Each structure stands twice: as structure tokens, then as C-alpha cells.
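*Asks:* The primary structure of each chain is shown beneath.
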Amino acid sequence: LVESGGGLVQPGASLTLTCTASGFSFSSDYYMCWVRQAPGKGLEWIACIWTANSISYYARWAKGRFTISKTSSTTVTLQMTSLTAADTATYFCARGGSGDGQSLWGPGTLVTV
Amino acid sequence: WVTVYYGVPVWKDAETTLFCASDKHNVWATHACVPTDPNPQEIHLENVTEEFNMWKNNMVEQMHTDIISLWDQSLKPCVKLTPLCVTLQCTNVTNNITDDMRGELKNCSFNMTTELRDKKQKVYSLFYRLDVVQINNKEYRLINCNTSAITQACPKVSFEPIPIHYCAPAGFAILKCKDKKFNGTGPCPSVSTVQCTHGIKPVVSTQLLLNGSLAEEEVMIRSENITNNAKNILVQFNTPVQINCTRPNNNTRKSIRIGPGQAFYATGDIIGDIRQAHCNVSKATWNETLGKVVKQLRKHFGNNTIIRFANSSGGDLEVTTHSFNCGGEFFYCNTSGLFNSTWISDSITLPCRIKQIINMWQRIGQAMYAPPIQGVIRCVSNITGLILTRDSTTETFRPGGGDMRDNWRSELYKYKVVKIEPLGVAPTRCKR
Amino acid sequence: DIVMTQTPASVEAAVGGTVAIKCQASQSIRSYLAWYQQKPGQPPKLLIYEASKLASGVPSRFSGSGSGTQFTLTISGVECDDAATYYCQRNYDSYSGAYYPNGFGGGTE
Amino acid sequence: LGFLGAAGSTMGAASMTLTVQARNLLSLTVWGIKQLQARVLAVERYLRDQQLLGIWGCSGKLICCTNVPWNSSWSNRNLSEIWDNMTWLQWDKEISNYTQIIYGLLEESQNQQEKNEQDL
Amino acid sequence: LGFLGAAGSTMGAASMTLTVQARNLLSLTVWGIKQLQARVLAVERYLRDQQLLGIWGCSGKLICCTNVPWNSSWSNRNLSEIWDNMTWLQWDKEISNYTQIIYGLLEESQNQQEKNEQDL
Amino acid sequence: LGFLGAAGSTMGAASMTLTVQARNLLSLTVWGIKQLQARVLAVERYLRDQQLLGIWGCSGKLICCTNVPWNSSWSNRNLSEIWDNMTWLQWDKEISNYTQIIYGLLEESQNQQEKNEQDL
Ligand SMILES: *[C@@H]1O[C@H](CO)[C@@H](O[C@@H]2O[C@H](CO)[C@@H](O[C@@H]3O[C@H](CO)[C@@H](O)[C@H](O[C@H]4O[C@H](CO)[C@@H](O)[C@H](O)[C@@H]4O)[C@@H]3O)[C@H](O)[C@H]2NC(C)=O)[C@H](O)[C@H]1NC(C)=O
Ligand SMILES: *[C@@H]1O[C@H](CO)[C@@H](O[C@@H]2O[C@H](CO)[C@@H](O)[C@H](O)[C@H]2NC(C)=O)[C@H](O)[C@H]1NC(C)=O
Ligand SMILES: *[C@@H]1O[C@H](CO)[C@@H](O[C@@H]2O[C@H](CO)[C@@H](O)[C@H](O)[C@H]2NC(C)=O)[C@H](O)[C@H]1NC(C)=O
Ligand SMILES: *[C@@H]1O[C@H](CO)[C@@H](O[C@@H]2O[C@H](CO)[C@@H](O)[C@H](O)[C@H]2NC(C)=O)[C@H](O)[C@H]1NC(C)=O
Ligand SMILES: *[C@@H]1O[C@H](CO)[C@@H](O[C@@H]2O[C@H](CO)[C@@H](O)[C@H](O)[C@H]2NC(C)=O)[C@H](O)[C@H]1NC(C)=O
Ligand SMILES: *[C@@H]1O[C@H](CO)[C@@H](O[C@@H]2O[C@H](CO)[C@@H](O)[C@H](O)[C@H]2NC(C)=O)[C@H](O)[C@H]1NC(C)=O
Ligand SMILES: *[C@@H]1O[C@H](CO)[C@@H](O)[C@H](O)[C@H]1NC(C)=O
Ligand SMILES: *[C@@H]1O[C@H](CO)[C@@H](O)[C@H](O)[C@H]1NC(C)=O
Ligand SMILES: *[C@@H]1O[C@H](CO)[C@@H](O)[C@H](O)[C@H]1NC(C)=O
Ligand SMILES: *[C@@H]1O[C@H](CO)[C@@H](O)[C@H](O)[C@H]1NC(C)=O
Ligand SMILES: *[C@@H]1O[C@H](CO)[C@@H](O)[C@H](O)[C@H]1NC(C)=O
Ligand SMILES: *[C@@H]1O[C@H](CO)[C@@H](O)[C@H](O)[C@H]1NC(C)=O
Ligand SMILES: *[C@@H]1O[C@H](CO)[C@@H](O)[C@H](O)[C@H]1NC(C)=O
Ligand SMILES: *[C@@H]1O[C@H](CO)[C@@H](O)[C@H](O)[C@H]1NC(C)=O
Ligand SMILES: *[C@@H]1O[C@H](CO)[C@@H](O)[C@H](O)[C@H]1NC(C)=O
Ligand SMILES: *[C@@H]1O[C@H](CO)[C@@H](O)[C@H](O)[C@H]1NC(C)=O
Ligand SMILES: *[C@@H]1O[C@H](CO)[C@@H](O)[C@H](O)[C@H]1NC(C)=O
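Chains as they are written, first to last, in this note's numbering: chain A, 1 to 113; chain B, 1 to 432; chain C, 1 to 109; chain D, 1 to 120; chain E, 1 to 120; chain F, 1 to 120.
Any given hint might turn out to be false.
Cross-link-like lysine-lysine pairs, in silico, BS3-like; alpha carbons within 27 Å at most [as the list claims (entries may be wrong)]:
no.	chain 1	residue 1	chain 2	residue 2
1	F	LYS93	B	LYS76
2	B	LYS56	D	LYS61
3	F	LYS93	E	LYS115
4	C	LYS22	A	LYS70
5	A	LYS63	C	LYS53
6	B	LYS178	C	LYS53
7	C	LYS39	B	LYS181
Hints are computed from structural coordinates only; laboratory data are not their basis.
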């Protein structure tokens, strides 16, 4: 898949990232998941949304700050609010499915607060 | 050393009597059902497992006998149509029809009893072809004259489904499993406890399952035994497929007194042209949904297995067509327009027939006469699943269906009834 | 809710030698552990799914097994293309009943 | 935790939820007559459990201690293992086949102490 | 001896079978509806006896001793004769007509001792 | 005075009639089926009250004292005023909206004292 968005914002800012399908469409049997990795850290999970019925799951730490949604047959977005310096990280999207991990990963985006 | 504890959180499998909760004298007497507990609390159970078996679940048997008993009680205090089983003299309806309806409706005249015992009247009404049998213009009988009694359904009692919740009595609890990969049997770890289930709509249908619950994680395919060709396969969609059905003719109705205090509702004439009843399904939605079922269905056969949906197997209409109950009418639709593909590596229109004399439970017993309904019927509904049966590189599946103690089986698969046993003992280091 | 700890931190071996990385959990995640390989500058590559199955594109040197709360990733021999950290991902949510890729433990080379 | 919330918990820890389960044990058409069956059943089961506690001298308590010795043949385990590393569902299965033995001992042992009050 | 096995036995000896009788006191066609009548009746009778024991301060016991004096006018016999040379059926007949007297005394005497706990 | 004879009486004085009210709480044609409804209802209500007294550690008593402190916010009155210059109907109205608070406190406070017997 491919990804876009990112940039430098100041604390208190919101930023929306967008990921899109390439060579595929959002048929029912996929999850679009977002993960984060700060420059000195390992992988962190944020949220997943199931294509059929737009069903989402969130990390407790992300609750109330990170909203995940499907906007089209090819596009999934992540809306982040109340951003702080601690949220500076590489953000990634990847596609998974039931019972497994994400197998398709895009190059990530860079968000600096 | 022995300490006796009371209130210990353990249970055994058990069968008990369930009662309903819910929420104009409809067919299931829902006004006689207790009120629901608003915002009931669901309690998740951590670090537990349990085993389930949807094919041995006695909740299905209770729903089966509750619905039948209610059906019969509701039709009991209604006018009998015995005086109507007479020789009919019939001709074809030809004045304003399309070709597809030629021969579908008949205009029948007959000699019927008036409120006075010693007087008779000449009346006529229209009937659908499927309810009329030729004896030898031409003489006819109603289809059930040599088999059963015909009772007219009461015009004030509606049939649309109303959610019914099943509640356990105190001392019992219902275990609901959330495991979204559960195939109907064996261990199902995500267990939570409720006192009463969500509502289930008592929809009666064949081949296609309408207005049920949806799957989420994947399309679920469940059967008692995959390799046993004598068993049905229940397929649960994770997305609805929308259909739109219509009468479409503008009907009128008239009352005939057939004795003191009693009347028969006859089909009157038709306003405007006579056209064939039909159902439409979105084509693209059906095309994509069926492909999802195939991808998942193949997991039990192999990646080199070809899946074909052939056509309906043949037999009586009740088991070959899509039996659909809507608007107070009984439809028998032709599904060969849907199940027509082979999978290797606009709208669809389904012509549909209408019957007024209904043997609802596939038994010989009292038959119901559906009174005519005036105006035009328009139905909108969700296909939530389907029933398939299976017949060396190609597997063939067919709509099959027709079984009772099915359909509801796709709603109750998530629940088990258990009995709470508060007493138990254990050793410790105390004495009196 | 989710506990995942990778324990053999900072393990390395010479080419031709072998390594193993293991994770523990406080909740059973039977057959739902995924392993990933992350080379610097890259998104993680899926290696192993459902505890023991290899993902397409994964070399035969990768293997692993486990059940319950105890799982291990093994390398049959170092080929100098192991310059990555590895991660443990949980693919089962005990509260929702869903099986989606929520939660990581990890960071060992 | 809520009703049966402790079902998967350690036997020792679960003793503090005994109140929660006890609290929830007591309560001519198709949906009509079933309610007399539902209510009569709930009452009879409630009362049978209370009757046994009464007979054994445990009336009014969620936890009661008696003087019947533990026969190790019923379960050859120590106390640390059952109270800290086992749940009640597991324990119930392990000694389910001795239930009738324990109950007979518990009731006889109560009557034997009632005669001892003949002296007060 | 079994249920009512002691019915013909000496009143004293029969006190050791009180457990046996207590244990057996609690539980739209022709053979259908009679079962709601059978079960409701069994429950009401069980509960009325428990209610009286509760009121008199005898809850949880097969044998309870109270502070009501014996009025010899009810039966001019000594203890040796009734406990060793009489059965319970005979005793019940002899003092059956004072049952309501004894019961009124037993309940008043309990409330009189509840007020005495106002000081603790 | 008879059943509810003390209803208009001073709360303190009325405590001596608790026996009288407790004593009277327990028990296919038109006049037929109503009797199963009448009897089942009487039994369930009786048992629910007994169940609460059991849970709070008040089994077998018309009057029971517990260790839950009085929170003056429930009623800012002294004892002389409620026991001597008020009836039970009036008192029940005054604190009716705290019933669920008191009951939760009473049951938790009983289980907290059962664990304390682990040492005897
Ligand atoms: C699957 O679910 C859908 C959605 O609930 C369900 O479709 C609905 O069915 C009802 C009943 O047939 C429709 O309600 C009718 O609407 C018409 C038009 O306004 C009214 O004229 C009707 O009133 C007459 O009939 C009543 C019942 O006998 C009488 O009480 C009344 O006095 C009138 O004589 C009635 O209100 C409703 O409009 C549809 N909804 C949609 C979106 O079409 C569908 O039937 C379910 N599937 C199955 C198999 O049942
Ligand atoms: C069924 O047959 C009846 C009887 O022939 C038809 O009713 C007659 O219609 C004509 C007009 O075309 C009137 O002049 C007559 O008075 C009507 N007779 C009666 C008894 O009502 C009726 O139209 C036919 N129905 C259909 C659908 O063809
Ligand atoms: C057909 O399926 C749709 C989609 O699930 C149903 O619409 C949902 O209804 C629930 C309950 O009222 C709402 O919470 C959702 O927000 C609705 N979803 C959408 C997209 O509108 C619809 O009710 C179903 N039809 C029938 C007859 O069951
Ligand atoms: C499910 O099992 C886990 C252990 O696998 C329990 O976790 C322990 O909880 C106690 C407190 O009750 C802590 O002192 C331990 O340190 C925890 N163990 C570990 C490995 O972290 C968990 O509480 C159990 N769940 C329930 C509802 O009882
Ligand atoms: C029936 O009555 C006889 C006496 O006529 C009882 O026999 C006595 O039993 C006691 C032990 O309980 C012995 O100590 C006496 O010596 C026996 N008496 C004689 C004359 O032998 C007999 O037990 C009674 N039956 C029952 C069931 O109580
Ligand atoms: C009704 O109220 C009157 C007071 O207005 C009560 O009379 C008092 O009774 C007590 C004994 O219980 C005496 O000591 C007082 O001196 C009486 N007061 C007066 C002013 O004479 C009367 O008892 C109440 N009735 C009932 C049934 O409780
Ligand atoms: C009536 O229908 C029959 C078929 O059942 C057909 O043979 C006959 O010709 C039709 N009559 C008229 C007048 O159309
Ligand atoms: C009614 O009875 C008469 C008897 O003479 C018969 O000729 C006529 O055809 C009958 N009519 C109908 C509609 O059955
Ligand atoms: C008469 O009975 C036969 C079966 O013996 C059945 O096929 C036929 O349809 C029946 N006809 C009528 C009018 O009842
Ligand atoms: C359901 O899955 C279990 C394995 O977890 C398997 O043993 C069982 O046969 C499956 N049931 C069906 C109907 O396929
Ligand atoms: C079905 O589709 C046809 C067009 O192909 C349209 O004329 C008809 O009215 C539709 N029927 C329904 C019930 O939507
Ligand atoms: C059913 O009718 C509605 C209008 O009431 C229309 O929006 C919808 O597309 C139709 N569905 C199908 C399958 O034709
Ligand atoms: C629609 O059905 C045809 C077979 O008739 C199949 O080749 C095609 O792939 C299907 N389309 C979708 C979206 O599944
Ligand atoms: C499809 O099934 C129907 C009903 O059994 C049958 O009448 C029709 O001939 C079949 N069509 C084909 C092409 O097999
Ligand atoms: C369904 O339509 C086909 C024509 O495509 C016809 O041959 C078949 O007999 C019809 N099925 C039924 C049950 O009438
Ligand atoms: C099934 O598809 C074929 C074309 O492959 C078509 O000729 C046939 O009429 C279709 N059958 C039905 C019932 O629509
Ligand atoms: C049926 O025809 C009558 C003619 O008077 C008209 O008033 C009514 O609205 C029509 N109904 C429909 C559904 O078209």
C-alpha cells in the first residue's frame, strides 16, 4: 500500500494521516492498523479498524486522542488530536486479517510536534 | 478441617424452562411477555473456558415449540371456512393482464350460505391458481378439501416479527460466547454472562435467512459435519444484502357473511393492470457477497477445489423456492436467478408466486387462509445468510433448506444454559 | 489486560552460530503469536504467524513454536542478514473475542 | 467484579464474592403459565440449599467451619496448592464424587452436638 | 432406622433421628397441573414450621431449650415416665390441647429478651 | 393491639409489636388459578426479606444490631426525637432514599467479619 501526510506541528495541534490501497481495494477480509515507533523505541500499537462494518479497536493509552476511520473503498485515516512532544514518531499503516499479523506494510510517515 | 462455603461461583450444564421478555394483539402474544430489563448488565468472565454445541442446544427446541403453540393459539378464535368447500365454477381472468399472468388468476362463482340457514347467495371471488384444484366452464375445489380444515386468519392479528428475548429463572444463568471464530462446537474462551439474551426475531423462511444477526471477523460457515452430505451448511454473512419485493397489483377486498356473526374475506377485483409479483436484489452486492462465501468455503475443501452453486434441487414449492412471509402475504420466489455461478481458482429480478392457503408447519393439520390485503405491498429486507446443502475437482452446493428447527439455530448458537450450584466444601485449618 | 515480555535481551552470534528469542505472557494466547523482523529503516517484516507457520517470502532458517503463555523464535544459523530486532505480537483479544494484531512486546537482536 | 466475576479466579480470592452470588439466587397462555413454573423452581432450589446449611449448623453464614476431619483420600493435596493455584470450578470437579460422604458426615456431627446441650 | 423408623420408639431414643425426618420434609393436563399444587403445598408447609422456630429463637436447631416454665397442669407426670415409657405419638395426643398456649408463651418470651440487648 | 395496631404509635413503643406483624406475613377457573398466583407471591416476598436478614447477619432476630456507623447526612436528628416523637411511617418516608446505601453497607460489613473467623 502507500501512505501520505505528516509534518511539523506545535503542541496542542491536531494532525491527520492518510493511507491508501494500491493494487487492491477494501474488500471485507482486511484490517487496517496503525502502529507507532518513536526514534529510540520498539513497536507500539495504536488502533485497528475492520473493513466490514467499520469496527474499531483502540489502545487504552490512545483512547480519546486517536480516531481511526474508513472514508472510502481505498482510503483509511487516523485523526490525532491534542498532540504533544512525546508523540513525535514514525507512523506506519499495515494490512492484516483475522487470526494473523499485518503482512503488508507501507513506508511510514514522520510526525514531529 | 472441613469448611463449608455458600455462594461459590460454579455451575453445571442444565436444562430448564425459559420465559420471555419484550419491550396490539399480534400473533405471538407479545403483550403477555414480561417487560425487559433496560440496559441489562453483561459480565465478562476472566480466565474461564467453556464448551458449546449448537447442534445439541435445547434452546432451539423450546423456541420451536413456543412459536408453534403461539401460532395455533392465535388462530383458534377465528371464523372457520368450512362452508366454502363447495364445487366452484371458474373461468380465467383475462381482461387486463400481462402474458406472464395468463392463467395465474381464476374468477370463481359459487353457492354460499347466508346468515339465514334457509337462504343462499351467489357470490364470486378471485383465487390464485395454486390454491385451486380441477375436478374433471370447469369445476374446481380448494386445495385442502380432501385433507384438512381451513381457518381464516383473524384480520386484526399481524404477523411481522417482533423481537423476543429469552430469560433464565433465578438460579440459572446464560453463558454467551463472543469468540468470533467459533464454528458451533467445542471450546469457546470469550465467555460472558447475561441473565436474558438479546431479542431474536421469529422470522420464518427458507433458503435465504432474512433479518438475522451478522458475523463480523469473517463469513462464518457452520455445519454439524462438513463431510456428511446429509447435513445442512449454515452460512452467516458479515454484511447484509438488500432486497425489495412487491405485490405489485392494487387489490380490493369485500366481506361475505357466511353465517350469523361470521364473514369471509374475498379477493375483490383489481384496479389497473395485473402484473407478476417479484423481488429484486442488488446485483453487485450479491456478486461480491457470494465470492466471499466461496473463498471461505474453500478452506474446508482445498485451494484447488472448484465451487459451483448449480440450481434448486426440485420438489414441492415449500422446499424448492424461497418462502417469504411479508406484508401479510405468502410469497414463493424463484432463486435460480441467484444461485447460477461456477468459481474457479443493475439488479437481479426473481419472478415470484403467491398463495393464500398455507400449511405453515409442514404438517397435516389445520391450514390457514390468508385474507386478501388491499392496496399494494412493498417489502424491504436484509439477507443475513443462507442455507446450502452439498451433493472430483468440483463441489456442488444447492439452496436446499426447508428444515424447521433451523434459522433460529443461527441466532441461538451463541448461548448455553447453566445451573448455579452455590454449595461446596474444602479443607482448611479452623475448628469450632 | 495484555502482558507481553521478551526476555533474552541483547543476544547476538557469529555467522554460522545460532540464536533464539523468547516471549512470555500472563494470559494464554495459544497459537496466536506473530513474529516480526525489523531491519533499520524498514517497516517490520512478518516472519512467523500462528506460533509456527512461516509467512511467504520467509527463509527456511526461521522457525519457532509455543503454546499457552510460553513461545520461542529460533534461527537455524546466522547468515549475516539477521541485523534486526525482533518483536512479539498478540493476535487475540480475550475481552472482545476478536483476533486482530493488538499489542507488542519485543526489541531483542 | 459482578455475578460469577470470580469464576475464573483463585479459590482463596473468590471467597470475598460469596455475597454477590448468594444475593442473586432467589427470584393461561404460552408466556403465562411458564412463569409459575419459573417461580416455583427458583423457590424450591433456594430452599433446599438453605435446608442443608440449617441441618449442618451453618444457618446465617456464607462461611462456616465444622469439626469434621479431612480424609486425605478425598484429595491428596496440601492447602497451599488448592487455595492459591486452583479455581472453584476445578476443585468442584476433583472432589465431586465424595459430595454425599461429606454431607452425611456434616449432618451427623451436628446432631451429636445437640445432645451435648442437654447438660446446660 | 429410616424415615419415621422411630415412630414407635421411646421419646428419648427418638431424639437422635430428628435429622432423618427433617431431611425429608422439603420437596395443563390432569397429571400436569397437580404438580404445581403439590409443590406449592410442600413449600408453604415447610416455611411455616421454619417461621415459628425463627420467632421462638430456635433457628438453625433440631433441639432448642427455652426459659418458659412448665405448668404441671398441662401434664401431671414426671420426666422419667415421659422420656423412658412413652412414644411421641402418645405424648402428642396427651398435650395436644395446650399447643396454642405453649406457642404464645414461647414467642412472647423471645421478644422480651431482644429488648434486653438494647444495653449491648 | 393486633396487626398493625401500632402503626400510628411512637417508634420506640412499636418495637414490642414486631412479633405480631412478622407472624402474619406468611400465607383452572376464575377463582381457581388466582390462588396459585396468591400463594406464589406470598412465598416469594417472605423469602426475600429473610434472605436479606441472613446476608446481613440478622438471621433469627426481630431486632439486630450491627457495626455500621450512622452517617448524620442521612437524617440530622437526635435519638430522642426519632424514638419518642415520631411514628414508623414518618421515619420510613424521611430516609427512604438512602435504603440502598444502608443495605450495601450492611452486607459488606458482614463478609468482612467472616474472614476474621479464619483464625479460629
Ligand atoms: C425485515 O425488517 C423490515 C424493517 O422492519 C420489515 O419491513 C417493514 O414491514 C412493516 C410491516 O409489513 C411495514 O409497515 C407497514 O407500512 C405500510 C406503509 O406505510 C403501512 O400501510 C402498514 O400499515 C397497515 O398494516 C398494519 C399491520 O397489519 C396495520 O396495523 C395498519 O392499520 C395498516 O392496515 C404498515 O405500517 C414497514 O414499512 C416495512 N419497512 C420497510 C423499510 O419497508 C420486513 O418486513 C422484515 N422482513 C420480514 C420477512 O418480515
Ligand atoms: C368475474 O365475473 C363477474 C361476473 O360475470 C364479473 O362481474 C360483472 O362485470 C360486468 C361488467 O364487465 C357487470 O356489468 C356485471 O354486473 C358484473 N356481475 C357481477 C355479479 O358483479 C367480474 O368483473 C369478473 N372479474 C374478473 C377479474 O374478470
Ligand atoms: C440492514 O443492515 C443495516 C446495516 O447494518 C442496518 O442498519 C443499522 O441499524 C443499527 C440498529 O438500528 C444502527 O445502530 C446502525 O447505525 C445502522 N447502520 C447503518 C449503516 O445505517 C438495518 O437496520 C438492517 N435492516 C434490517 C431490516 O434489519
Ligand atoms: C488470571 O490469571 C493471571 C495469572 O496468569 C492472574 O494474574 C495475577 O494476579 C495477582 C493478583 O490477584 C498478582 O499478584 C499476580 O502477580 C498476577 N500474575 C501475573 C503473572 O502477573 C489474574 O489475576 C487472573 N484473573 C482473574 C480474574 O483472577
Ligand atoms: C418395642 O418395645 C420393646 C419392649 O417391649 C423394646 O425392647 C427394649 O429395647 C431396649 C433397647 O432400646 C432394651 O434395653 C430393653 O431391654 C428391651 N426390652 C425388652 C423387654 O427386651 C423395643 O426396642 C421396641 N422397638 C422399637 C423400634 O423401639
Ligand atoms: C396518640 O397520641 C397521643 C398523644 O397526643 C398518645 O397519648 C400519650 O400516651 C402515653 C402512653 O403511651 C402517655 O404517657 C402520654 O401522657 C399520652 N399523652 C397525652 C397528651 O395524654 C396516644 O397513646 C397515641 N395513640 C397510640 C395508639 O399510640
Ligand atoms: C385457462 O387456462 C388453461 C390452462 O390451465 C388454458 O388451457 C385455457 O385455454 C385458458 N382459457 C382461456 C379463456 O384463456
Ligand atoms: C347454484 O345452484 C343451481 C341449482 O339449480 C345451479 O344451477 C347453479 O349453477 C349453482 N351456481 C353456482 C355458482 O354454483
Ligand atoms: C385429493 O387428495 C390427493 C391425495 O390423495 C391430492 O393429491 C389432491 O391434491 C387432493 N385434492 C383436493 C381438492 O383436496
Ligand atoms: C471446530 O474446530 C475444532 C478445532 O478447534 C475441530 O476439532 C472441530 O471439528 C471443528 N468443527 C467443525 C464443525 O468443523
Ligand atoms: C426491479 O427492477 C426493474 C428494472 O429491471 C424495475 O422495473 C422494477 O420496478 C424493480 N422491482 C422492484 C420490486 O424493485
Ligand atoms: C429499495 O428501495 C429504496 C427506496 O425506498 C432504494 O433506495 C433501494 O436502492 C432499493 N433496493 C434495491 C435492492 O433495489
Ligand atoms: C461475479 O460473478 C462472475 C461469474 O459469473 C465472476 O467471474 C466475478 O468475479 C464475480 N464478481 C465479483 C466481484 O465477485
Ligand atoms: C432449475 O430448477 C427448477 C426447479 O427445480 C427446474 O424446474 C428447472 O428446470 C431447473 N433449470 C435448469 C437449467 O436446470
Ligand atoms: C425459474 O425460472 C426458470 C427460467 O429461467 C424456469 O425454467 C424454472 O422452472 C423456474 N423455477 C420455478 C421453481 O418455477
Ligand atoms: C445462468 O447463466 C447462463 C449464462 O452463463 C444463462 O444462459 C442462464 O439463463 C442463467 N440461468 C438463470 C436461471 O438465470
Ligand atoms: C388503488 O385504486 C384506488 C382507486 O380509487 C386509489 O384511491 C388507491 O390509492 C390505489 N392504491 C394504490 C396503492 O395505488
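*Asks:* If a hint holds in the structure, say so; if it doesn't, say that too.
*Replies:* Tested hints:
1. Between F:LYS93 and B:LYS76 the CA atoms are separated by roughly 50 Å; this puts the pair beyond 27 Å, and the hint is violated.
2. Under the criterion of a C-alpha separation no larger than 27 Å, the hint pairing B:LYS56 with D:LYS61 is inconsistent with the structure, at around 39 Å.
3. Between F:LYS93 and E:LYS115 the CA atoms are separated by roughly 25 Å; this keeps the pair inside 27 Å, and the hint holds.
4. Taken as a hint, the C:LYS22 and A:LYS70 pair is broken in the structure, with Cα atoms around 36 Å apart against an allowance of 27 Å.
5. At most 27 Å may separate the alpha-carbon atoms for a hinted pair to count; A:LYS63 and C:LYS53 exceed this at roughly 33 Å.
6. Distance check on the hinted pair: B:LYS178 and C:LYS53 sit about 26 Å apart at the alpha-carbon level, within 27 Å; holds.
7. With a C-alpha separation of about 33 Å, the suggested pairing of C:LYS39 with B:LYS181 is violated against the 27 Å cut-off.
Of the numbered hints listed earlier, those contradicted by the structure are 1, 2, 4, 5, 7.
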